[PDB]
Amino acid sequence: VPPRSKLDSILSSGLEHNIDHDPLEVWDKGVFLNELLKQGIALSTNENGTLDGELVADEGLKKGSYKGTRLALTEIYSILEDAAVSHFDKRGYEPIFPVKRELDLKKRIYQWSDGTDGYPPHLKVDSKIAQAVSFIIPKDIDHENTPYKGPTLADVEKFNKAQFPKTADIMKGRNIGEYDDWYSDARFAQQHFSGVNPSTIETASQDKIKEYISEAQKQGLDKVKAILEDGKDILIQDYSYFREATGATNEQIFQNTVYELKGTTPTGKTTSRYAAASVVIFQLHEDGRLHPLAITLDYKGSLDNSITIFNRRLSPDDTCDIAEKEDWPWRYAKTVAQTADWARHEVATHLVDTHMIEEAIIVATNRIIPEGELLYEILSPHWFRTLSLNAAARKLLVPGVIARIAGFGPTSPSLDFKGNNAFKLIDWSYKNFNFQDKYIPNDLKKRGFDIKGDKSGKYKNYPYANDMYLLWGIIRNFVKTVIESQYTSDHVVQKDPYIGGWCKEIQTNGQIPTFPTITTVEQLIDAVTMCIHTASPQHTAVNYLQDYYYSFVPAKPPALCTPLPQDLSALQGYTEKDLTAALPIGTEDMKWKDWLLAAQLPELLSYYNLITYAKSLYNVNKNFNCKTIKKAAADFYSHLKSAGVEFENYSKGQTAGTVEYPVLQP
Amino acid sequence: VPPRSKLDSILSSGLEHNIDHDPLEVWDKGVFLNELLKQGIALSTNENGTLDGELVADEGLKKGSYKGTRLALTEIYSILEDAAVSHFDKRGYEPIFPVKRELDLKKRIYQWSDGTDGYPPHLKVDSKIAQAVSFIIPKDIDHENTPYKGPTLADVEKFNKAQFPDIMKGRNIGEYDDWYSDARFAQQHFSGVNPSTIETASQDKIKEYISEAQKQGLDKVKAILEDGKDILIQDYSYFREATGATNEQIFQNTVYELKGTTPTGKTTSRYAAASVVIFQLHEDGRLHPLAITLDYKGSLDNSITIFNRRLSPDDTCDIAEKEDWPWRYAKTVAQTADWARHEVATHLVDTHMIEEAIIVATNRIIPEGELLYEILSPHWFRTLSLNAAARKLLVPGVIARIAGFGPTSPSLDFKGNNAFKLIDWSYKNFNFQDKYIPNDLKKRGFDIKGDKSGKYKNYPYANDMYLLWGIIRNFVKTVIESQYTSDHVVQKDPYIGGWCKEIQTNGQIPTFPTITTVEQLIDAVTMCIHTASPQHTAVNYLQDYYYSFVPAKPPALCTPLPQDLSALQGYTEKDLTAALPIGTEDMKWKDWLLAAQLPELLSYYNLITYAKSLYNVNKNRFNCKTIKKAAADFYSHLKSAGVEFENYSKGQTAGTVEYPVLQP
Ligand SMILES: [Fe+2]
Ligand SMILES: [Fe+2]
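Chains as they are written, first to last, in UniProt numbering: chain X, 9 to 134, 171 to 211, 225 to 664, 670 to 685, 694 to 736; chain F, 9 to 134, 171 to 209, 226 to 664, 670 to 686, 694 to 736.
Treat the hints as calculated values from the structure; they're not laboratory data. Heads up, the beta-carbon is just placed ideally off N, CA and C, and yes, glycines get one too. Heads up, a few of these hints could be off.
Below, a list of computed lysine to any residue pairs in the SDA-like style, where the Cα atoms sit at most 25 Å apart [claimed, not checked]:
1. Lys-108(X) with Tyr-118(F)
2. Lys-37(X) with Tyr-118(F)
3. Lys-37(X) with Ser-73(X)
Away from chain F, derived, C-beta distances all over 12 Å, residues of chain X [as the list claims (entries may be wrong)]:
4. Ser-121
5. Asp-238
6. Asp-553
7. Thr-698
Construct the entire structure; sequences and hints are all you get.
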């Protein structure tokens, strides 16, 4: 059977393989650049070939697929980050090829933004893009075989499960929908210990516990009152600050009216979205199961002014005639407290507390500390291509996406970047960051977690805490060794020319007054440790599981699609139809779009580990004191790997069925 | 045991894990940017902060490790390609974010180089770097537990095998104990990195060899050649003509060692030959070598020629293949020949540089909208920026270095350097139409269409490409017709005439067709894809496997050719090992590093994904639906052909190494 035939019998015959059975996983960048040109999603230019400032196409795309558009955003956003990298190379903000530059020059390159943009103090950069990403998202899409179709929970649950691959990176493949009881008190609350935002829960202030005891009396629950009065390890996740941050009064309601645009000027058609300044009360039991006791939907100064609901179950083992799955008021209350934990996570805990706090310290360090010095050499490796990425996020993620799907507004789009709430929240979260308080060891004390001395194993279900305590120590231990090699006494630090003006540059221009004025060896070691902790394990801790928790929207949605129930009465009268009405499920209210973005957001952000750092730092110092450095590395390398085992134990050590925390694994 | 203890019991206790047991596989880019700065391998700048044109450090690195330096080159070269990409973005040669630009503008951006650089016609770009890569390569390295230490074949063979853990990717030809064997040497001309240049032997040569065979006194070999049943040839004799060297000269490269800039006076010498090989393809399909002319100087009267003791795959001799040191040497020489021809002509010119020209022509001539531009430009993603980093480094910094052409390394005069003269010659004697697969196979003398004898069973490149070429042409056919239904349309098409012209003139590819027919367009467009993907892949995918075990395919000799035939036959293992880059002396450690490094540099994007992608954009409300079909058939045709490829891999005679190269 010669090649002559072999070719013909393949051309002649009907297709043996159906292209539709094989789903498109990643783009031919060349094909996709043709399509962005074909569709006029490109920069327009004059005769002389200089930029207009407008795009080629006047209007966006008409029809598309969820599947297809999800991919098209992933890609356009990658291309945008490539652009950002190539730019910061040209502007020399982050040069690709190395270049020696004297401090005196780097002050003229690394210059602060002025707040014009509506963001905190970040590197200056020498809306128009946000247009292009809208143009990618069609007017309307084919709703058949999408993950939001429903129109009921069971329907989207069935779809969600179907998308998982056949027989930590395996975890990556799926989401929380894998668990049938994702909605459960147990799994809802464990998200506050081992989720994407496990660092903001704290012990409940007497002042609040009083408020709730007082509210519990009024609703008539002697059981709940007794528990709170006893007050055995009552915890809190308090989003009440949202109002204070946005400057909204107790009589206002968080809302975002989404104006639909035909190219530039709106159609007059609008969608509305609602977020609440929720509050949650938990109890941590002797066995270590964290359990929710109360949710204030939206907190407006007091619980007299607020809609508050208490759990029917007062214990992990407590049983009620109504099953968790059918308790629609509670399930709603929990869905609200997830829209709260979405904003706090995505805005404060990720974007500010790791990315923007960082960018400031980087600018300070680049302006103040010369490329030679020890500090610069142990820090700058952890800041590889951070500035260029942070930019693509300023010019897109917040305005184009976080501002869109979130229930803050007051309007989408908003020309006024100031006066927009999201930005006011970014601004507030930035100012009320506390550099020294988010040193792990302090963090755990302030919030009320005896991780040091507890042998009771009530913290068995809090692996973030147990992992970070351990890991923080190992990083501090590495930092300690290295810093001493030059800073043997508090004098050396005090006479060091750069450290004084460095601590200053940050506290002033960086607007991080909580950053220490370092004099001691201890103070330097902590600050340097924090910077790495922030640049790696923390970013990782609050970014690695982002898809898993957020991609199944009904488990953690970004904002509500129905105004809050007007009072408690209403709330208790809620049914499945009320809960589904609040979610972005079905065709109406342009809910298809929110689902796409809300689920897309992780993939945008999920786009460089410690072991490789150590290995690399060792393999250069094999030739301050470079040998002491080398040791630091080869111990650090070991300490991590040995701690890596201890991490996987805390993951197993959680009570029956409690999902893994595999996040800080080498 | 609380976390308090768990931390203590890790700090307190002796380290459970020794960092030295875990070798460094990949760099923290941040650490490595600090080290390149620390070591002054960086661009220097004045008070005013503009570039000098010199680097910070005056001198290079003192000591390093083969392992460590191999990695440090891999990385610095990656950083260099990133730089090139970011630059072509700034200069808008290849913009990262899309931008509509009118043809009239693209003529002002996409402009031809002038030959100053010593290279053929390529995009203009708005030594200094080659300095930085030298600075990475130390003065001398620790020779202990390196793959060149030896000091004998068995020694480096034992090391080579030890390093083995996409599975194929893990290892190299050393996996086979009889890598040196007639069988495996010759199969490299059918299923190696250069399987497209072997051809049927001209009567004029077969006469020459019959004549030489008579003189040496081998009635056996004479009878075989006179009978002349499927005699093939791999003829490198053109090297002299290309470099313009006379039959009285010897190819040599005197490598001057530098202390930063000005040389130390210390030199190494390297020698290449314009070899010729004669094979016979047997009924069963085993290709078998019969003769090697070490270096061909006008005739075999002037040249050292050697005939194989074995006149057949099954033929046996009292001396084993493994101990036949003259033959093994002769074969090692004919590999230095196939190294130059491969790395220079078959890869760098025939795929990368021919391409760059057509890209420039297409960008200058055809507007971004047009059908041609849309089906072509996807196959040229980030090609121009990469091609640049190669001009500014691979040739001068590496190919020119390890190759035995010179005449000097480094050479200020880019012209007058032989490598460049060979690039130049290979470029001019390319034939766009003749390297259409179907023609290629006919000219060279391969009835792949009609042969049912299965003598071509051991030539999977041929059988795979014939099949694949057809499937690509079939896809191209469908798409082109959707706009070009008749030869008229093509003839009146404004751009095609001036496009074919732009190439034949400015691109210096006169062999590129003046297209009038539908057939002519379809072939040209097919060739461009064939060249941009399966061909580049065919002659680049196995580069590590064949080249990384240097004694199997070394880039140049480290001993002058034996003076005459007498000498050659008097060769022993010690002569063969003397020619290779093994041991400490003659700075042979360095050649091994680069020669083995070269693949990994070029190793830095398949058809299925193309099809899938082209389908998933043309699924919406020329004709886009006909396009979409073309895609969803092409998608299938590939996958179905993908099976047929793996059959030809199995279909090779016992033990003949796989050809897995065109696998989706
Ligand atoms: Fe991030
Ligand atoms: Fe290549």
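Assertion that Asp-553(X) lies farther than 12 Å from chain F (Cβ): Label holds. Min Cβ-Cβ 20 Å, cutoff 12 Å.
Agreement of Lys-108(X) and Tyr-118(F) with the hint, judged by alpha carbon distance not exceeding 25 Å: violated, 33 Å
Since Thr-698(X) was said not to touch the interface, does its Cβ keep a gap of more than 12 Å from each Cβ of chain F? The assertion about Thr-698(X) holds, with a minimum of 15 Å to chain F.
Beyond 12 Å from every Cβ of chain F: is that where the Cβ of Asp-238(X) lies? holds, 30 Å
Restraint status (C-alpha distance of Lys-37(X) to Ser-73(X) at most 25 Å): holds, 19 Å
Does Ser-121(X) clear chain F by more than 12 Å, comparing its Cβ with all Cβ atoms of that chain? The claim holds: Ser-121(X) sits with its nearest Cβ about 22 Å from chain F, beyond 12 Å.
When you check the alpha-carbon spacing of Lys-37(X) and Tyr-118(F), does it fall within 25 Å? Measuring from Cα to Cα gives roughly 21 Å; hence the hint holds.
Taken one by one, the earlier hints fail for this structure only at number 1.
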